Amino acid sequence: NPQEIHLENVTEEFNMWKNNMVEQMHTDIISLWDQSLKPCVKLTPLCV
Amino acid sequence: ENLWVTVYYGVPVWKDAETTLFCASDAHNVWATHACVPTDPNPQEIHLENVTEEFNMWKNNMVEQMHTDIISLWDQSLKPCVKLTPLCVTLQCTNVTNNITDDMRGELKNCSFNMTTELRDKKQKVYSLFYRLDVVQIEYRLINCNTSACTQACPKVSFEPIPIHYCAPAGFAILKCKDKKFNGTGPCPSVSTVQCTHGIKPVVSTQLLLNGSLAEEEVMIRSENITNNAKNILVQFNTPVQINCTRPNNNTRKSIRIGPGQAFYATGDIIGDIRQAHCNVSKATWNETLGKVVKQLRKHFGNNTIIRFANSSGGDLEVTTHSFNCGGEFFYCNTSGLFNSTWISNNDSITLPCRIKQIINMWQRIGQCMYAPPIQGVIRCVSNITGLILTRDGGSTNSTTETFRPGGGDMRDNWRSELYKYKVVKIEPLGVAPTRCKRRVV
Amino acid sequence: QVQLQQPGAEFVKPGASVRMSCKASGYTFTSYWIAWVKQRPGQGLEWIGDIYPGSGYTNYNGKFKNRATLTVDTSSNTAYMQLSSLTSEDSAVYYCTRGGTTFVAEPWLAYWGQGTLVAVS
Amino acid sequence: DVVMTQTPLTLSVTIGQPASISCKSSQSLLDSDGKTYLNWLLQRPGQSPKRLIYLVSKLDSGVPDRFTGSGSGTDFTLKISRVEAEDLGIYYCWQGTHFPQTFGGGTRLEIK
Amino acid sequence: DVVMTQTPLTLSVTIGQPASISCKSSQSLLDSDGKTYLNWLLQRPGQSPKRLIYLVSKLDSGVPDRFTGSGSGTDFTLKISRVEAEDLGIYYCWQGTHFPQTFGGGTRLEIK
Amino acid sequence: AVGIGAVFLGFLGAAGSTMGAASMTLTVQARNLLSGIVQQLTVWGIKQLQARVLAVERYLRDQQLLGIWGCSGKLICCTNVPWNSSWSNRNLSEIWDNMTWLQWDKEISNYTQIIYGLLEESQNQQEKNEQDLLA
Amino acid sequence: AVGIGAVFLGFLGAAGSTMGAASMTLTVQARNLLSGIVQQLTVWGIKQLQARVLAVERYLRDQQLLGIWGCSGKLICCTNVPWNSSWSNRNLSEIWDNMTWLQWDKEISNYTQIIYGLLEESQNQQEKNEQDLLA
Amino acid sequence: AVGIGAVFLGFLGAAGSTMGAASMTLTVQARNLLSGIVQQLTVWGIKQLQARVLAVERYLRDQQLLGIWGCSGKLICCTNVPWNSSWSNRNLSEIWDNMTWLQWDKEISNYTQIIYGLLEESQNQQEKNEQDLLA
Ligand SMILES: *[C@@H]1O[C@H](CO)[C@@H](O[C@@H]2O[C@H](CO)[C@@H](O[C@@H]3O[C@H](CO)[C@@H](O)[C@H](O[C@H]4O[C@H](CO)[C@@H](O)[C@H](O)[C@@H]4O)[C@@H]3O)[C@H](O)[C@H]2NC(C)=O)[C@H](O)[C@H]1NC(C)=O
Ligand SMILES: *[C@@H]1O[C@H](CO)[C@@H](O[C@@H]2O[C@H](CO)[C@@H](O[C@@H]3O[C@H](CO)[C@@H](O)[C@H](O)[C@@H]3O)[C@H](O)[C@H]2NC(C)=O)[C@H](O)[C@H]1NC(C)=O
Ligand SMILES: *[C@@H]1O[C@H](CO)[C@@H](O[C@@H]2O[C@H](CO)[C@@H](O[C@@H]3O[C@H](CO)[C@@H](O)[C@H](O)[C@@H]3O)[C@H](O)[C@H]2NC(C)=O)[C@H](O)[C@H]1NC(C)=O
Ligand SMILES: *[C@@H]1O[C@H](CO)[C@@H](O[C@@H]2O[C@H](CO)[C@@H](O[C@@H]3O[C@H](CO)[C@@H](O)[C@H](O)[C@@H]3O)[C@H](O)[C@H]2NC(C)=O)[C@H](O)[C@H]1NC(C)=O
Ligand SMILES: *[C@@H]1O[C@H](CO)[C@@H](O[C@@H]2O[C@H](CO)[C@@H](O[C@@H]3O[C@H](CO)[C@@H](O)[C@H](O)[C@@H]3O)[C@H](O)[C@H]2NC(C)=O)[C@H](O)[C@H]1NC(C)=O
Ligand SMILES: *[C@@H]1O[C@H](CO)[C@@H](O[C@@H]2O[C@H](CO)[C@@H](O[C@@H]3O[C@H](CO)[C@@H](O)[C@H](O)[C@@H]3O)[C@H](O)[C@H]2NC(C)=O)[C@H](O)[C@H]1NC(C)=O
Ligand SMILES: *[C@@H]1O[C@H](CO)[C@@H](O[C@@H]2O[C@H](CO)[C@@H](O)[C@H](O)[C@H]2NC(C)=O)[C@H](O)[C@H]1NC(C)=O
Ligand SMILES: *[C@@H]1O[C@H](CO)[C@@H](O[C@@H]2O[C@H](CO)[C@@H](O)[C@H](O)[C@H]2NC(C)=O)[C@H](O)[C@H]1NC(C)=O
Ligand SMILES: *[C@@H]1O[C@H](CO)[C@@H](O[C@@H]2O[C@H](CO)[C@@H](O)[C@H](O)[C@H]2NC(C)=O)[C@H](O)[C@H]1NC(C)=O
Ligand SMILES: *[C@@H]1O[C@H](CO)[C@@H](O)[C@H](O)[C@H]1NC(C)=O
Ligand SMILES: *[C@@H]1O[C@H](CO)[C@@H](O)[C@H](O)[C@H]1NC(C)=O
Ligand SMILES: *[C@@H]1O[C@H](CO)[C@@H](O)[C@H](O)[C@H]1NC(C)=O
Ligand SMILES: *[C@@H]1O[C@H](CO)[C@@H](O)[C@H](O)[C@H]1NC(C)=O
Ligand SMILES: *[C@@H]1O[C@H](CO)[C@@H](O)[C@H](O)[C@H]1NC(C)=O
Ligand SMILES: *[C@@H]1O[C@H](CO)[C@@H](O)[C@H](O)[C@H]1NC(C)=O
Ligand SMILES: *[C@@H]1O[C@H](CO)[C@@H](O)[C@H](O)[C@H]1NC(C)=O
Ligand SMILES: *[C@@H]1O[C@H](CO)[C@@H](O)[C@H](O)[C@H]1NC(C)=O
Ligand SMILES: *[C@@H]1O[C@H](CO)[C@@H](O)[C@H](O)[C@H]1NC(C)=O
Ligand SMILES: *[C@@H]1O[C@H](CO)[C@@H](O)[C@H](O)[C@H]1NC(C)=O
Ligand SMILES: *[C@@H]1O[C@H](CO)[C@@H](O)[C@H](O)[C@H]1NC(C)=O
Ligand SMILES: *[C@@H]1O[C@H](CO)[C@@H](O)[C@H](O)[C@H]1NC(C)=O
Ligand SMILES: *[C@@H]1O[C@H](CO)[C@@H](O)[C@H](O)[C@H]1NC(C)=O
Ligand SMILES: *[C@@H]1O[C@H](CO)[C@@H](O)[C@H](O)[C@H]1NC(C)=O
Ligand SMILES: *[C@@H]1O[C@H](CO)[C@@H](O)[C@H](O)[C@H]1NC(C)=O
Ligand SMILES: *[C@@H]1O[C@H](CO)[C@@H](O)[C@H](O)[C@H]1NC(C)=O
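Protein chains in written order, with the working numbering: chain A, 152 to 199; chain B, 928 to 1369; chain C, 9 to 129; chain D, 2 to 113; chain E, 2 to 113; chain F, -4 to 130; chain G, -4 to 130; chain H, -4 to 130.
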């Protein structure tokens, strides 16, 4: 139930390319990538 | 008429409690790591008059807190770089005889070994120069091989000391005395409180304090039970004594790949002459500094006693010799020249033959270790001598002609000279006061 | 004797800064208030500011919109003032005067010093 | 704020005559404690400022007999029986109850 | 606290006479609920303590006709019409409204 | 007269002044119980959380405690509770204007729980009378 | 008479007694919501933080909830809001002195949000009237 | 007539209405400062703790702030402190029923600390007067 509410008689400023949400997601998924790669086999002995 | 009780909130009250503090650093590294919240440059210190407070040196938890804190930082900073497991191969070593001074004959050992290359199915022959205090005959193997193998100091993450500010959480306060005659423990009539302490350099030493905070007016001998010889005596000077330390060798660094994306840095081939590392301290300044120390020390002992000084009482290399971490290269130095004098009631430098051990064993936790890569070119050092950590010798008869020797070496004592003023207290805002009060009944 | 030592005279340049010291001697510096005063030869005395050598609390005159930063040192018994970056017309002598106690406050202006000639040029 | 004005801008006096100087306050300075902390200081020409009267009823140390501080509420005055070279100068009436601690406007004593 | 004292320290009685014993309270024991929980217990010489009167108006089980508890407020009394071997003993008046639940001082009934 | 015994004596500044003069400095004390760490890996990550939670929890215990006593929302509040005079046979002038608060709390620290043991009982009672008047 | 229905019946001890007798035991209940973990690695490190924060968060929700209703600072407070009689057609004597509180909350748990849906409206309405009188 | 300017305009809904009409919507705003994360490894473990503590700490700072002012426990409360008229030479009708609140705070944000610098002084002064009447 994503209750979205409309605010009338108002204006707001949005700063694209300065939003921290973009930075937050970029660092967040990289942490998930590193987290998911730790628990399985390393490939050290394949450099023969 | 009969007085009643009133509830008071926020009234100033102090209770002796100790908790976890917080770190703050001024504007990668090992101490700060750009992680501690910056401290604003307005350290508002406030003087509380008409008050006295008790300070318990050698019982402060700040000393314990810092000791455990930096060790955690040391372990944290060592995890992300190459381990040195494959360096324990047999070492077929040889002496170095190319332009060698007689004083360092047989110190460096040119060595060769069959350590592996990046490819798992190929080997390589690599030669490197190791100090005598890093190899042991079986022909040779590393000193730490039979003990747990250790990593290599991440080359980029220097260990240069950085002042660190300690601040207590909200609801707690830190009190610092200001009396210039402050002993180890006792009331101070100049109590003051500050949210964050001044810059504290975690620089390391065992015998001579380096880059410490000097005393205010006179040399102070801060010590608990003094008739007991088993506890160290901490001395803080009042005028710094300049100390020069340098490494004359023009060393070069060789990079050897050990595995996939894992490189090890070796020593050599050395360039130029072979000269022993030496430190220098002015003769005139040291004699004056020692004379002042005994003058104040004589106020706690007999006046007619003949005070003598001597080198350490022997033991393991870690504690018997002076240690420091100037320029990222460790030095173990023999300080027998700074304590060869006798004092009776009523030329510009000293040559200190120093030593270098490349494999480092840190705090006496024996399961850890680390490697410090060499640094190209000569290394120069300029530091300040601020005090000594002496020890009292036993067997004295009738307490006459007493002597002291340098010793100790425990890391806690070094910070105690910086955290003796600061103690942590707790705020008790709640309180009750008796007066003639009548609540307005509804 | 209660004396407030001040530097003789300082010659500074536009765009530079000054370290206006005021030494405290012959009394307890942790209680008495400290305030600065201007003595323009052609104008009357003006209130510059006030610094409390204890808690470090600072108060500034309304006309100054916090153009100055006041600092004190309880160890060396000294007081310092920043301008900051004053200009030509403010070239005059400033006096570091000692105030009274924060409780009684009646003895204000008890003692003065000699001042320092600030002539930015 | 409460301004401090003094009627005499120039006061021509010869040695051996009584001098009169007064000051005014826009609002009464009677503090809750029951005192008036007004100060009458005679700033010497080039020397450090020196107070002459504090707590106008009371007088400072090194009492000069000629100076007699008086006044309360809105009116403040300081009567001098005889004129000396020291008397020749600038007097400042300083309020000590409200913020800011404004000084006087300055009354000049000169011989013409 | 409220002390419980009894006038008779020694009470000489022969078989077949009326015995009188009383107790006092420093402060009135009338509880807010409207009752007096005072207990009159006759502790036997070496046996377990046994209550005789609770809620002095009320009486305990195994009612003895001779015992008649009475009294309120400050005065408490217990009248016995005839004396028996059981009567000879020590009586304790126990307050039951305030803290602590103090017992009586003890009145001894002996034949001399 | 700008120098009045007031807030600018500094946080904890009243600890050296008499108890009476310290009453006006009780507002500078409550403000420094939460802030100071507003601006912002294991080391210093858990420590920051542990310190922040402890500071928040500590302030709550007092806010709760004042809530049960009915003094919440009033920095200086009092109830109709009398106290056993044996604790301190001293006059008002002999308590407030002649001795510092720091050593005061030490003497009566023994009865801190006992004196607290009377505040809540009366506050609940005071509610009970209001309920009786209410009904 | 030391035995009075009071705190010493124990934490949660009034849960077996009637609602009327449980009113005097409402102070032993608010005290045991924060303390108990005053005295003090991944296991048991994060768990301690998670438990402490949850306990603090849970208590604050009620404190905030009472704050909006205007009953904060009073353990037993009541507003002027009437209630729909259809929820429970019972007498005062038929509610307080004849039935335990535990099964009570079960019956009226359906209208917990509805009854809450009237408290805050009245409190804000009370403030508005005070604003009108204020002005 | 079910449509009245009231809570159902939505959380933050009054931000587009005039200041006067926004007064009745101040209860929907305090409720959404704690909840929302009631229902529940490094990633998202520390983050959850950091977010929860910050939300609790932020709300407490305001609760403490209202506590010092003496307005705690009342959603709409005012003290007796006057204000320097130079800040806003406007009439009541010229403030409440003709302009939104969002731009109002921007103009007066300069004196937020100054106006706060008078509230606590008066509240402590009020307590001192009550102490005098109390004594
Ligand atoms: C006690 O305090 C003094 C005061 O600072 C301190 O002396 C300092 O020593 C360091 C180490 O030599 C000096 O900084 C070095 O300067 C040389 C020459 O310019 C540089 O080559 C060094 O760079 C190396 O280290 C960097 C990391 O620190 C690396 O990033 C770099 O790649 C190089 O490997 C380094 O910058 C410093 O200038 C002096 N300070 C002064 C004021 O002279 C002394 O070391 C302290 N005592 C102890 C025991 O540490
Ligand atoms: C080691 O000891 C020497 C003294 O033997 C220290 O030298 C002193 O260094 C301080 C700064 O750290 C100097 O004070 C500075 O003076 C300049 C003006 O020259 C001023 O602008 C600064 O703000 C600061 O006050 C001091 O003059 C200087 N003294 C001497 C005799 O040289 C040296 O700093 C010590 N080093 C360490 C690492 O402890
Ligand atoms: C630390 O350094 C000191 C000197 O700086 C070392 O002491 C030195 O030890 C040697 C070896 O014993 C001494 O040489 C011999 O002395 C005897 C004395 O009778 C003499 O007969 C021999 O012919 C030979 O010269 C040397 O004199 C002595 N130095 C001094 C100043 O006395 C010390 O061994 C060093 N310790 C460590 C752990 O490095
Ligand atoms: C620290 O202790 C000293 C003890 O001497 C205090 O000195 C006294 O301070 C007061 C006010 O600060 C001085 O003024 C007095 O005020 C009272 C109350 O207004 C008044 O009734 C007296 O007549 C007097 O004017 C007092 O002269 C001074 N000397 C004394 C008491 O001998 C000092 O105030 C204390 N400071 C702090 C911060 O606690
Ligand atoms: C648990 O339930 C039993 C049910 O029998 C309760 O027994 C009753 O307890 C009350 C007081 O605890 C006894 O005294 C009564 O008190 C009322 C009010 O003061 C009074 O009006 C009565 O005349 C009576 O004296 C009562 O005799 C006793 N027996 C019954 C009700 O048959 C017990 O109290 C309950 N315990 C708890 C902890 O809830
Ligand atoms: C957004 O802004 C518009 C601007 O036109 C607002 O329109 C006005 O809204 C009001 C009520 O919502 C309408 O009724 C008026 O009410 C007042 C007060 O009860 C009454 O005195 C008037 O006579 C009128 O009936 C009004 O007709 C309407 N038009 C206007 C003002 O030109 C709208 O309400 C605003 N909405 C929000 C959510 O802020
Ligand atoms: C430390 O002091 C020693 C002793 O004075 C210095 O040794 C000198 O070295 C130079 C060569 O650079 C020789 O010419 C001198 O003859 C040596 N002195 C003596 C007494 O033999 C050394 O250079 C100093 N080192 C530093 C870094 O200061
Ligand atoms: C220690 O080393 C320094 C630098 O090699 C020597 O030179 C001094 O350097 C400082 C600057 O750090 C100057 O202020 C001094 O004037 C220099 N002194 C001289 C004599 O040139 C210094 O002499 C050395 N001191 C000792 C005791 O060895
Ligand atoms: C401390 O100094 C003394 C100097 O007397 C050293 O004593 C000599 O030590 C060497 C080896 O270290 C021996 O070969 C000599 O026979 C010793 N001579 C005497 C007279 O003792 C002592 O070794 C030094 N110890 C330390 C730890 O520096
Ligand atoms: C190497 O140096 C050591 C040092 O004592 C010596 O014993 C050994 O004989 C030397 N060997 C050669 C081949 O020079
Ligand atoms: C390295 O390998 C070569 C080639 O077999 C061999 O001659 C030499 O002895 C080896 N060295 C070591 C230390 O094993
Ligand atoms: C490792 O070898 C050295 C060489 O003497 C010895 O001193 C040390 O005790 C040994 N350590 C272990 C754990 O065997
Ligand atoms: C400091 O402590 C020592 C040891 O208890 C004591 O002898 C001395 O008197 C104290 N005071 C000073 C000024 O040293
Ligand atoms: C140590 O302290 C005790 C008392 O603190 C004292 O009696 C004794 O003389 C001191 N010295 C020794 C060696 O015990
Ligand atoms: C070490 O020995 C190797 C092998 O002979 C030689 O190439 C190298 O130059 C030597 N290094 C030094 C410093 O003598
Ligand atoms: C150091 O001082 C002592 C004290 O008398 C003196 O005997 C000695 O000669 C001095 N040494 C130097 C090098 O000045
Ligand atoms: C040693 O002499 C000083 C004065 O030079 C004196 O103050 C001190 O008491 C003396 N020491 C002893 C143990 O008497
Ligand atoms: C101390 O220095 C003198 C100076 O010649 C020397 O003879 C003596 O052997 C030295 N002693 C020590 C222990 O260093
Ligand atoms: C060391 O030797 C190399 C050889 O070319 C030279 O480039 C370098 O400058 C030397 N380093 C020093 C510190 O003299
Ligand atoms: C006196 O102390 C007792 C406990 O010792 C306590 O019960 C009583 O309430 C106290 N008196 C007053 C008036 O509080
Ligand atoms: C307070 O308690 C301590 C220890 O519990 C005791 O030593 C002291 O005498 C007590 N003081 C009073 C006034 O009861
Ligand atoms: C009765 O219930 C309705 C909803 O079913 C509600 O709107 C109304 O307010 C209730 N009556 C009272 C008096 O609260
Ligand atoms: C309460 O709600 C439940 C389920 O929502 C329902 O079974 C029950 O009958 C309801 N009780 C009343 C009194 O409305
Ligand atoms: C007017 O503003 C000044 C500061 O500029 C302030 O001190 C004063 O209290 C204000 N007036 C009122 C009535 O608040
Ligand atoms: C508020 O402050 C800002 C910057 O601090 C300034 O630009 C603006 O003019 C100020 N407004 C008022 C009304 O003082």
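Derived from the structure by calculation, the hints contain no laboratory data.
Hints may be right or wrong, so weigh each one.
Said to hold, decoys possible - The calculated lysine-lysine pairs, modelled on DSSO-like cross-linking and capped at a C-alpha distance of 30 Å, are:
#1 C:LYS46 x B:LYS1348
#2 B:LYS1006 x A:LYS189
#3 G:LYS69 x H:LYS123
#4 B:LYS1052 x B:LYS942
#5 C:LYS71 x D:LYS80
#6 F:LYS101 x H:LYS123
#7 C:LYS46 x D:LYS80
#8 F:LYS123 x B:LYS1353
#9 D:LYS80 x C:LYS21
#10 F:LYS42 x B:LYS1365
Comparing the hints with the structure gives:
1. C:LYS46 x B:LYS1348: This hinted pair is violated, its Cα atoms lying about 40 Å apart.
2. B:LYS1006 x A:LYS189: Distance ~15 Å between B:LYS1006 and A:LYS189 Cα, so the pair holds.
3. G:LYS69 x H:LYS123: The hint holds at about 23 Å.
4. B:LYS1052 x B:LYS942: At roughly 66 Å apart (the allowed maximum being 30 Å), B:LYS942 and B:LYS1052 break the hint.
5. C:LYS71 x D:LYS80: Between C:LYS71 and D:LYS80 the Cα gap is close to 34 Å, so the pair fails against 30 Å, i.e. violated.
6. F:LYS101 x H:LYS123: 26 Å, holds
7. C:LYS46 x D:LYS80: Since the Cα atoms of C:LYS46 and D:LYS80 sit roughly 27 Å apart, the hinted pair holds (cutoff 30 Å).
8. F:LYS123 x B:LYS1353: With Cα atoms ~37 Å apart, F:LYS123 and B:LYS1353 exceed 30 Å; violated.
9. D:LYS80 x C:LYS21: 46 Å, violated
10. F:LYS42 x B:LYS1365: 46 Å, violated
Hint compliance for this structure: hints 1, 4, 5, 8, 9 and 10 are broken, all remaining hints hold.
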